[PDB]
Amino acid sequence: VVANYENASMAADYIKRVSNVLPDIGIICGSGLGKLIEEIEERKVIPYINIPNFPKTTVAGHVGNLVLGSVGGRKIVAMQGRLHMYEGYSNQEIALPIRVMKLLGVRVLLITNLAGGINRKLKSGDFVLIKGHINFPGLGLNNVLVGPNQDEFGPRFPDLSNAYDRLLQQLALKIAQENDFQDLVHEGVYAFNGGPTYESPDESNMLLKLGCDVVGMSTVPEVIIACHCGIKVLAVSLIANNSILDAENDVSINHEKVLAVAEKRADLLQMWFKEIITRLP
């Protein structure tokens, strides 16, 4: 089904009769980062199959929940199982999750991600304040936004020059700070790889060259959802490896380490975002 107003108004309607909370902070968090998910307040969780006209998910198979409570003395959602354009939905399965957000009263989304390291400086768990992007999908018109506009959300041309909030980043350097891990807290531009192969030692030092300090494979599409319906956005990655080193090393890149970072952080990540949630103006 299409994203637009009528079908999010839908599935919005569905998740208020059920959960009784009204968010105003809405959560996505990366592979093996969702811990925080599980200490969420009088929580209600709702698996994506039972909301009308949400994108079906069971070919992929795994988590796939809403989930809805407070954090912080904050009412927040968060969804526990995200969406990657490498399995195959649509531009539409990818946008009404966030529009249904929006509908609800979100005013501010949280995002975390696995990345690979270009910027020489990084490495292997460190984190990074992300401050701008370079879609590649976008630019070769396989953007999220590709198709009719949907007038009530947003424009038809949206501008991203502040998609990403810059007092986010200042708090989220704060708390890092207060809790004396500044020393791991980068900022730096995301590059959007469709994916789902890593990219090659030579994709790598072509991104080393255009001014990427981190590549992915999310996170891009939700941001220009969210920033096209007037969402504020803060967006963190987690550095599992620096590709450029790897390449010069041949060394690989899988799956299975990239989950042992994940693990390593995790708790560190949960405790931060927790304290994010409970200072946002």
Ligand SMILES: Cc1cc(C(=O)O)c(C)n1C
Contents of the next structure:
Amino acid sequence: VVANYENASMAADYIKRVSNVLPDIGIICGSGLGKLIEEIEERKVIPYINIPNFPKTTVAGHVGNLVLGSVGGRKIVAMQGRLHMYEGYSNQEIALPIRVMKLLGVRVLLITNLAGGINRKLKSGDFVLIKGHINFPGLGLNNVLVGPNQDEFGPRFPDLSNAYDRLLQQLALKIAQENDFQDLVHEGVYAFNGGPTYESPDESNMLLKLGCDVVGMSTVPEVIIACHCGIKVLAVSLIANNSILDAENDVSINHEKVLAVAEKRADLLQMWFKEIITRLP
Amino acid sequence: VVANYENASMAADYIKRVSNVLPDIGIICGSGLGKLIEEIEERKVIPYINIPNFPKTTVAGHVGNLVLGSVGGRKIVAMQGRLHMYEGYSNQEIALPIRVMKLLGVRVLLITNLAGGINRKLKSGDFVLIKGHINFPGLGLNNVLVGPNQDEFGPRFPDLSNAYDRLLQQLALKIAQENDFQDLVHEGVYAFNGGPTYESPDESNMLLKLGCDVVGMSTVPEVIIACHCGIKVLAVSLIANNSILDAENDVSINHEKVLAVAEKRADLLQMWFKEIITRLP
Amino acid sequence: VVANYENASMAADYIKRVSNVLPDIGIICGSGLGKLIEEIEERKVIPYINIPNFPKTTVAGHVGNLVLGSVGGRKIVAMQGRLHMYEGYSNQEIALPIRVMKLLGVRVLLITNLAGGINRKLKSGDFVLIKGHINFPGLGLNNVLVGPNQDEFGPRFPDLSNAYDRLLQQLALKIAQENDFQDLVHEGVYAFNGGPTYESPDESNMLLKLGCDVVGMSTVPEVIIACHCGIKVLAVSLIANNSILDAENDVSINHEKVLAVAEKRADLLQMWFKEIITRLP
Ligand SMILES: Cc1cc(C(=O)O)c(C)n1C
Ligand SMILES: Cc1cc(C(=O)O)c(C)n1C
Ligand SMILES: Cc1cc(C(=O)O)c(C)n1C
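Moving from the form deposited without the ligand to the form deposited with the ligand bound:
Below, the chain from earlier opens the complete complex, with every other chain and molecule after it.
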């Protein structure tokens, strides 16, 4: 199924009939960082499998819902169960839910992920406000926009220089200062590693030479689809480890260690993003 | 449809019957840089859609013709409407028209494109004679030759060290000097960004560290198919902007600004390439 | 055909019935480096085409057998006719033979290849013990594990930091010292170029800046599938040329020159790997 205007419209029609909510804000949350979705007020939970033209996700399994309701007095829509390109989903499958958000009325998309630290100033448990990216799949002919352009959503050749909104970054930092956890908050450039292997020690050393601050396996495809159709983005990485230190010390990362960092910061990240949603212009 | 010997032969048969021209030279022109094709003498215009085994292009739309005739007393064949891999065309679709050129008798391929400047010596409106390339899709398993080898055209493992003919570069520079616009002409290494997003500010900074002089979204796939089957190549980039300066100053590029640079240099590029065609050994 | 547990099991069943050998060790040999396979004792030769669910290889042609028997008193299984991703094989086709090795009982995989030298200390005819890698296809969304995870074999997010076993590297070096050819043996980081074009002169210069010691078109996909399912790996490159010197001197490489280096070192490499097999813990 192509992520075109007609197909996204049919999905938006089903959603509008079922939910009654007109959202201004969309959220996509990283693994272990989804507790806020369970606190949406007057919620409506819509399984992906029920929505016309949504991608099939039963090979991977696990949760896959769209959730609509209110947070802090604002109308939002959340994806519960993210689609990652390392699972084998196509460009069209990743893009359709973001384009449905656009047709529903979304103007701002908030995104969190888990990532590895490259910059020597980053420690496990730190947050990074993403200010730009290096898209290795995109340089190598696997950009999320490869294919026919869908003109109703955006231009054939987009400019990504303002993909990460500067005023949203400033508001996120302001709130961290108000609650005295600004010592945990950095800014940086995100490298997209297609995955699903954690980058090797020698790949990490290469990324340090190339000016990357953090590395991960998500987020950049959604950012590019959002920028293409005029949705503003704030993206925040939670740092699981420092891959450069680990390479010097011959220490390994694993998914168990990653999820333990998620649990350590989940409640603070929930409080942070609730206040960001409440304060958005 | 595979770009094999039998399929390319059927297309060359149709063309020979219809056109009566036996070309020695092929040309592929960048966007806004196609005026020379409209001045081919005793022309024959052949829509792609009419030629057996040519790739289907109706999803993208816009012009798509093969044009044969004479320029400066030389027999040429031009592609009017380029195929780009960021549109979703396969390896086989890009390669077949070049292999048809080979069977028609082409020995030299002349190529122009629009590109972004990385080297700090490059300004908008400058020309770059391409002397080598960095093929990010090719390093990442999207090389145009991935697939079975077509032995009738070339070897399984080609060497690209002489892909950009040195004597053709010298002739192009000599002609610029004769007409006193050599101050506009540079040489450089071309990075292939699969596209269709313009490279991000942080991607541009990375390319500066890696020794790239210019970046664009075309040309390298055609160069590799030509080199594989023994066709000599001259490739010239027209510089739309300097991406490094733009990143320092937070200025954006867009397709409108690019086409305006094309119009500013179109007539000089037309005159230049007409003289190159006339003077080729 | 997916490289899943059921499909790999059906192939392992056929093999066990036909061969009677229970192998502990697997080998994959580079081009021109396959003489050891012809000396396996009490051999059983099984054409790929006869084995349920093995990938179809008739478009490329040439040899394709699985060979089981004894070397130095140890039970082994060899692939005679390698599958390379630049031929157009999918992730699933490359992975299935390695996962069949796992089900047959393989605990150690020994791999050889031909490669280009980047590090200035490397000459034609040298050997490199691979200690880590830079996986350009993997950074760019063509990792061999992209797709659903096959949980019976390994985890969704593998760590590759110990993919190249350190004690196996030490044993290989010890044997070189015993036979007084240690002056030929180096260690280094391997860059995976998807292929099939030899890297360009400017790509080689880029790899020198990025800390790569050698470059080639194979091996990393098999290493990653082996690491994912807990098989230890030793990988050795035979150096065909130094690509950096060749770029400075405008000298070309070609497949004929590569195979001549293979023939010069084939008998010593055969003797080396026979002793490694005999001595494995
Ligand atoms: C969470 C995570 C993702 C990655 C990546 O290579 O994409 C790494 C090293 N970590 C720790
Ligand atoms: C014309 C053009 C192409 C590209 C590219 O990233 O491929 C850029 C930055 N410009 C200006
Ligand atoms: C044997 C070989 C492979 C490669 C590669 O680019 O992958 C090179 C340069 N050589 C010499």
